[PDB]
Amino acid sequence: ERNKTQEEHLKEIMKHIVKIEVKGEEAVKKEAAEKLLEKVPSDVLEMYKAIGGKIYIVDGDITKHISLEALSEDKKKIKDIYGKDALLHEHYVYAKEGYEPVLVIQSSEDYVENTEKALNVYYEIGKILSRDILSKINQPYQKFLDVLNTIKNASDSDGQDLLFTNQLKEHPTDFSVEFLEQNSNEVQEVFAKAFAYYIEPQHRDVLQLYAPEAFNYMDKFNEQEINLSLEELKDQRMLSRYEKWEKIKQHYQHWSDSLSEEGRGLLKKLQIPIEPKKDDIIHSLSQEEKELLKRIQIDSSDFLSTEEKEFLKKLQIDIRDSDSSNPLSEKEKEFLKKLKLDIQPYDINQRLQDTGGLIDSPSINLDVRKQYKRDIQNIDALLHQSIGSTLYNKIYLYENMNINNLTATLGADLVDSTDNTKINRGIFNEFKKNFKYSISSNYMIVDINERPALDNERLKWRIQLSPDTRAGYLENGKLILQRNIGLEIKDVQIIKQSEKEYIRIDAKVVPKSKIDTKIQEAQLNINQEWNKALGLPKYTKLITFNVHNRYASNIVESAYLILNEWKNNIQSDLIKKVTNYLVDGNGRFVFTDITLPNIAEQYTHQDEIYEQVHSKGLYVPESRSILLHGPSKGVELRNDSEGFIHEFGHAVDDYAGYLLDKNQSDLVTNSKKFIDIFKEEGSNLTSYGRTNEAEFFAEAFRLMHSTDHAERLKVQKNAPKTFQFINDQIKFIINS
């Protein structure tokens, strides 16, 4: 496996692509070339072979070779690695472009000593890689460009002088992808030079010495990432995609034939959720509920989505076929909540994702909960065959994904807007910033060979499977993977496919346990930091990470950022007193990526199951806890920090009310004073703030403590009574 058939592998390449055509007794001229091309990564050679390339070793005038006999007069006029002019007629190395490419090297042993001839041979091979190979997969692209711009803007211009031509050195601005399209040859050459300097033993130090970023790029590219280029090149071939599909299918052939009718049915419903049937819902209703339904104003609730409203309005019809007055009635609201739970589609995977694998979570009705549990355990037993095989060295599988599943907040500004084919770099950098690990609580459905995405899928995952990863095969060339998978993010970059930009995410499957311990360590670390900063007792448990999904590491890292803003925009004493009040009731700041109805701080204090809430944030008085959902996008918010501060507004509301006396079980916003203030300025801030006194107060609080001081002024010039009311409470708390 290692250098075992690895050395057997490289010898297979030289076999087919290297033709030793000389007259000076081929024996020493061959070994020489072998030692020459040996410094080149084996994958570069395998990609060349895949591109139909051929390496010809011949003596004499190379321009007289069968392959080069057709070159245009202008092509015989060339330049060397240093930019010096020369003629092919009297040169020793040439890489012929065209889609029947060839690399002609003039036989010689000077390569061992003459490091200037070697350097040039590698420069030409670098041209092959950059111009003839990587172009077939839209590379180099943004990643390499960043390297060029890092040099072009570096302080010590030594890197610029070592690799940039005068044209590049003189470009007035950073090199954009536009520049790359119209000056491909220039980018291609800078690449080849760097590659050459890295491959040639003696010059490598020269590269790392004057072009650090170029050295880092080439070091990581040749030692690691180049295997991915080969994989991606193979993924573009009709016959290689088909061969790979056939071998995976054959590997799961016994498993596929052993599937029962029940097994097959389980995989199908997993892939295709079951919509609720109109009739089944109706017969489950009581006469009183049927009457309540057929007369309820559906399009007036805020607890129902469009699909749901449409579904209900249809049921409303089936029943029928057999300024004031706008809000739902007393029990119409309760009825709709209860109805909401019954109309959700039966979706195995969605159940796992919402619960993060906690399938016993009492967020749904016991009967449905039990059926989900049954299918899950049955699917797990079904997926027992690991991917490991004697047919593939490394296995990569693909997944097109909607960025909104990870962060709907960044998803809103990811696509340019002026040109849909492009991604905004600022949002991209923010997305990538703290993305180191990911978790799949549900069963990932993946493609054997990469396929085209839908408009809303701008994420393209390339996943390296573990040989121990268990999975099942699907006839449409897909695999269903076992639940509870850990993923290490190796690289995140902007790429181009079919003339459209996407975010490539390279990930490696690892044991989920490895990722859970990282989460656990962070939870302990963030508490030690804040217990100290807030002056809370040592060992105090305030912050909880309930993390189980695909953007895991970001949920964790953003919490530090969220609390930093919180402390920066709010008065220390207000933060201490309110927080100490929460801690006195064993409360928690909960950061999670599973839906809120599945967080104990909420569900253990609910009377009925349907009395559940899922949103960006939530403050639960009974448990004195703040819950913040990461992946969702809050209304009128542009940050999770704003969402958190909004909820802290509610806690401040609670504590101020509490300080009023030994009873009240309400909010300071429930005061006759604030109510009147609300009736007056209630609609001068955000629309969401007009919902009720509680929400108006929270919104006012949020805006008054915005990182943007302008937003804070707005509250004073639009809601003067409120601006003063809030500051009155803060002082009331601080002075207490």
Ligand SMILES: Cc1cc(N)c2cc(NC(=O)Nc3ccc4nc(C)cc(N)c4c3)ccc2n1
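Positions refer to the first chain, counted from 1. We call the rigid core the largest set of C-alpha positions that still match within 1.5 Å between the two forms. Compared with the form solved in complex with this ligand:
Rigid core superposed between these two forms, residues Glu457, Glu488, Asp146, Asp666 considered: the one with a C-alpha shift of 2 Å or more is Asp666.
Relative to the superposed core, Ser572 undergoes a Cα shift smaller than 2 Å between these two forms. In the core-superposed comparison between these two forms, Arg295 has its Cα shifted by at least 2 Å. Once the rigid core is used as the reference frame, the Cα position of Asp156 differs between these two forms by 2 Å or more.
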Second form
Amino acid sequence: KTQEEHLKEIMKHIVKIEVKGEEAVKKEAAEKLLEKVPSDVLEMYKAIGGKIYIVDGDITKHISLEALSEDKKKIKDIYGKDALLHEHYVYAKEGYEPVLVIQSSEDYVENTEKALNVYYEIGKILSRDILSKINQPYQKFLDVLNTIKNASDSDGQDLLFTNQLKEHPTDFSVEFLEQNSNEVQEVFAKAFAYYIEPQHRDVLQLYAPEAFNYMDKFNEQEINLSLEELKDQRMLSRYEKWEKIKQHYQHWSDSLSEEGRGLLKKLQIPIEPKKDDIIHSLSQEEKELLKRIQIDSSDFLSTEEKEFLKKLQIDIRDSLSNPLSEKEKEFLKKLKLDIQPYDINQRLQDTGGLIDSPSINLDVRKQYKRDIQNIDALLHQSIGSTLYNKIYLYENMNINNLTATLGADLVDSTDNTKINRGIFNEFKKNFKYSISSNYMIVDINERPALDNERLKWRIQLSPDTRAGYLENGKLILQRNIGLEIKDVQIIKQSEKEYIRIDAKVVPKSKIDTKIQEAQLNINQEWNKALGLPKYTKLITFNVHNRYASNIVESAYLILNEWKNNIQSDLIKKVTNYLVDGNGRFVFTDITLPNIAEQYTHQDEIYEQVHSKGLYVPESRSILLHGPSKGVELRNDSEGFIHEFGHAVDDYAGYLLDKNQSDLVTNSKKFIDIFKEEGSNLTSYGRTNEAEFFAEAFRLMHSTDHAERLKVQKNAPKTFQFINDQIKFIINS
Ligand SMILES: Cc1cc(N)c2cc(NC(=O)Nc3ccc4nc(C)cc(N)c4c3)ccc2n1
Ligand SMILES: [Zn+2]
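For the form solved in complex with this ligand instead of the form solved without this ligand, what are the coordinates?
All chains and molecules follow, beginning with the one already shown.
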């Protein structure tokens, strides 16, 4: 009930009573009126220097409204009827010194139509004087407006829209909202008004449900987030927040050692491969091979990597066609591991925390384990303090980090300042929870992003959350945090559009539990659809990163496209085969060479593979990495099915002579079909027979029927070959 006090405190400031001789009846009447307004919009008004004056008679007769031009003397009531300031009871003055003027009365309780107007004036203060300073209302509110105009019942419009909007043909776009700022603000206010005045609220909910709902959720929840964003722009607020935190960690800081500071700094800027050293620990024979390798000839060395290697040879020459060699690609594979940057946070993201993964040389594995085990000990003090309650921290992120495939079309191709609503809704779809397996580095007060960062997180730390303080106003958080996504919306900031993500920190065990129960649910369901034994572990969720929930909700959808595009009898025979060898359908966000289904079956470490998908015969499992973008694959489904092709290529070649488990794609008959039709499909498909078979099997089962035709009229002998194997497997 600190409630009533919050309002008393705030009101004694902004509220000025200046009447004749009833300064207790009138001074108590105002308290009754403003009490209906959300405590938070009053503080936001105080924030921008606004004040409320309760006066008698003609309100024009006040010092604050003298500078009023002989035009702004005529206002419109909530119903759109022209009036005159010297004949009205309220007025909110714009400008850098906001003013609210209210006449005196107590019949505000009785004569509701005036309270309605007074609130409408406040709503105006809210949408025009306050929210405008943080670029609101925006897309979310525009969506309410578009729901109303394009709904069947035109009553919602007849109650909130001025004819200007009523007669507008198309929907209200961001562009419209910019040219008609005054108009939208008006609608906002009216809706705020009806919602706030206890008697008209029913009307609102009766003829404009979406507006009621928006204003309902906004005044009870979302508004304090507005105050939050509003305070974030105040220099002194920003400085005040930073100081309380700097104080809370003052002891922890003064105690840090050169060694501790060395660790935190190394954790902010990775150490690049020092060319020189590479050359040394190389080899007399190897140097010779390196002395000439058209790095470009290979295909597993990114553009960034190839360049580095190029400069490696060109730096050892200072003294005295393109066939793809074997032991040469072996040499280039080894070096790939060797020329990666020392990046602790990157190591955590790739392994999802599983720092013992055989994915890199043992020497480097231990250095990572040592440094991490140490950072974990440094970041022991939690954010919780007596100096502050709820606390928000910020992080600017690149969407490619969550979903490179959607990241491809997030920014509008025409106007780089706009975000594609199409991809936005998709991205937002199943984004319910997130996980952090590395050390998040956030800002105390929000800061401008880098061009490729169109994601602006606003995170509500738990008092329990441990962290470390940095001098530049940032905090390094402890690994293994849990995050519940609370809201995802398009916002405009500094002349550009971003995706604001409102998230709350929770115990990681809470999120893991959801995933685990998902795995149980998804397997129950699919074990029934495939007729597998009740409790078999078929599908598995290896989720550890920031897009966490999507990896899970996505698997369901991928498997649906997988059953509606392939013959049920083929699936069953093939997956029974897989299950027989302990196979697994692994959906993950950690890089593939860290899923055991692949590494516990590797000869050498450098023989690892990372990509959108992968099939491992030795384990009979299919691996699908979520975050990436399959080069020739348009989406996750496709990718999965492509890998199921390799699985079929397996069971088929197995049914030829189980006395030899081999690939039916290795058959002499097929090596010829590839010799001829091997270049009529996808580029990727041309890589080799196993892949060509897989890309072909894929198109044949695409959702795009047109795509099925392409194989049948460009790969005849193949369309038939793949169909023989199907019927083969199906019957045998
Ligand atoms: C730079 C680069 C290098 C690779 N080797 C890639 C491989 C893939 N995918 C696969 O290798 N898939 C896959 C899938 C199934 C496979 N099955 C068998 C029996 C043997 C395989 N080598 C096999 C391979 C995707 C992207 C790649 N990108
Ligand atoms: Zn493949």
